[PDB]
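Trainee: From just these sequences and the hints, can you work out the full model?
There are 2 protein chains.
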Amino acid sequence: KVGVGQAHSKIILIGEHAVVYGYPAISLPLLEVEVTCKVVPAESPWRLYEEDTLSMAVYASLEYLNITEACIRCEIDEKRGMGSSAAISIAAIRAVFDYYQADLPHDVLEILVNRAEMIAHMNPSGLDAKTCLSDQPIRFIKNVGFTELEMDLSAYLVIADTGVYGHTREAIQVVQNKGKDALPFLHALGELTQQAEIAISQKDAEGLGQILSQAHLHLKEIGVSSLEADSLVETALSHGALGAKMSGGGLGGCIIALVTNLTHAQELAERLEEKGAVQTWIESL
Amino acid sequence: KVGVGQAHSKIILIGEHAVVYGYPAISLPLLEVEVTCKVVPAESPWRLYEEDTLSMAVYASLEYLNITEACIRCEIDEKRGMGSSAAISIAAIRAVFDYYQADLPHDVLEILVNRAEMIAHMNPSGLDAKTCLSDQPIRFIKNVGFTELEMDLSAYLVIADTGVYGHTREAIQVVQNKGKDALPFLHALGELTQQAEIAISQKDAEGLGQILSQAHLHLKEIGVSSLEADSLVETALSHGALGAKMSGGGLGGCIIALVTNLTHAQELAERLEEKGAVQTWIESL
Ligand SMILES: C[C@@](O)(CCOP(=O)(O)OP(=O)(O)O)CC(=O)O
Ligand SMILES: C[C@@](O)(CCOP(=O)(O)OP(=O)(O)O)CC(=O)O
Ligand SMILES: [Mg+2]
Ligand SMILES: [Mg+2]
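Residue numbers (PDB author numbering), protein chains in the order written: chain A, 4 to 80, 85 to 292; chain A', 4 to 80, 85 to 292. A prime marks a further copy of an entry chain.
Please note: incorrect hints may appear among the correct ones.
The list treats identical chains as one, so a pair stands whether inside a single copy or across any two.
[Claimed, not checked] No more than 25 Å apart at the CA atoms, straight line, and that leaves these computed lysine to any residue pairs for SDA-like: (1) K4 - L111; (2) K210 - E37; (3) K187 - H128; (4) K187 - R87; (5) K185 - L65; (6) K282 - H113; (7) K86 - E177.
By construction, these hints were calculated from the structure, which means they are not laboratory data.
Mentor: Take a look at the structure:
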């Protein structure tokens, strides 16, 4: 007997970092980008060596089940770097309960994914987890709620993994340390997110693309982008992408690019891997 | 013309600090404990000198309304120290919109109170604001949600203000810096909150009181209580309180004590002010 669990991932269109301060964020489920965790028997009991979201999901699950001596090991595993912190949490929790064949209502799961994220010190706005449990793009505000969005632009979004494992915590630190000097950054993002909705409302991928490139500049100035991400966006843009920006926690992670044609989309991903992206993925919009 | 806004407050029964890591928290509306803010005309435009939740509520309101030159001043004002960070935010926002006679749906308000709290760097779990907008006690978990609780113990809760202005941010820092050593603290609180629900379910004020005293010890050990708070609880207990603990952000703030008789309640508050509490208040349960 082996326990297995699997979660889908997501990608942030816009609102990264700003969501942390109560500003809206729009994100898209990545239903075909999944993560899997297996749980197996072990000689010695399971221990806690780190504050990473996986170990933390195990712990939070064990605490719940009330098991201190869990003689088990929980490894991971696709599309590697495209699985988020929450995605990993969800998968583990499921794998753990499944191993123990424990009952798991959706409320509980959601409660435990967010708790693991929190004790992993990821400082969740609640957006990652939320989107990984949704099957529709959503509009989100921390500590308040979300609404599902209609998303039909007949466009494609190309996702590229920078290869650099995102230092999300450090990124939140940067924006946090800026204090009041982040307000203009936050403000600018708040606006861009508003227009982003309009554009989406009007099914104007071009308008949208523009807004995204902008979002990237502000994310870059505030200091949470990366050279890998920046050069990938540049490549994106220098190949006719309606727009491009980094998505997620920053300081590593992924890039997203907007396009309205399939030939173009496949071309862009190729071009990107060619430039050094470890993986790519094309999502319909 | 003068703008005015008014919010009610709340008190945390249990889950302080632990709620920050995704653990449940139970809190009670304080409908008769209100805060008021007035907004008036001014010579020079309004500026931002600090990251305190009031100024932050003004800013977030102005940003929303899209007013940069707000030639206005927004002062505060009762039951002083019993008004929370969110309570102050709510009152200001209302006073500001009211001054401008701007439309304000409840969604917007709630969105702006939480945003102000966030830019004021208060690190809201969402509980303060939530309870200040509720008229029923609630069970709460960060980034997930809340449920209203039935609360009928025919008991009284005595609230005492330590006088020391709570250093809530610093307190969150302490628990944050403990890292993994806070897990046992969090765990213990998670449990206590569970029993707290049971007791409430069974209308067992004694059982409940016990749990509260315990909650105070763990809050004290982890290092977020205060001498003023501790000595007040001690006085509470040394006078037959079913239980007592600090409530709120810690490092200052208030104490709550449980009792089931009115004579006892009034007696306790007196005794407490006598010991140095700046204000007291008795809420029905
Ligand atoms: C900074 C944030 O606003 C965005 C984080 O984006 P992701 O959750 O996609 O990042 P990782 O899971 O670390 O790869 C934090 C937050 O809102 O949770
Ligand atoms: C530490 C916390 O869990 C409890 C804060 O309690 P209050 O919001 O009542 O404190 P103040 O408004 O500063 O007086 C933080 C949180 O959950 O928001
Ligand atoms: Mg994340
Ligand atoms: Mg507060």
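Trainee: Does each hint fit the structure? Answer for all of them.
Mentor: A quick look at each hint next to the structure:
1. For the identical chains of this complex, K4 and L111 are intra-copy neighbours only, at 19 Å inside a copy versus 57 Å across copies, given an alpha-carbon limit of 25 Å.
2. In this assembly of identical chains, the alpha carbons of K210 and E37 never lie at most 25 Å apart, being 28 Å within a copy and 46 Å across copies at closest.
3. Taking identical chains as interchangeable, the C-alpha atoms of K187 and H128 lie at most 25 Å apart whether they share a chain (23 Å) or sit on different chains (10 Å).
4. For a Cα distance limit of 25 Å, the shortest separation of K187 from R87 qualifies neither inside one copy, at 36 Å, nor across copies, at 28 Å.
5. For the homomeric pair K185 and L65, the shortest alpha-carbon distance between copies (21 Å) is at most 25 Å, but the shortest distance inside one copy (38 Å) is not.
6. With identical chains, the CA atoms of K282 and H113 are never at most 25 Å apart, being 41 Å at best within one copy and 49 Å at best between copies.
7. With identical chains, the CA atoms of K86 and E177 are at most 25 Å apart within one copy only, with a shortest distance of 24 Å there and 41 Å across copies.
Hint violations for this structure: numbers 2, 4 and 6, all remaining hints satisfied.
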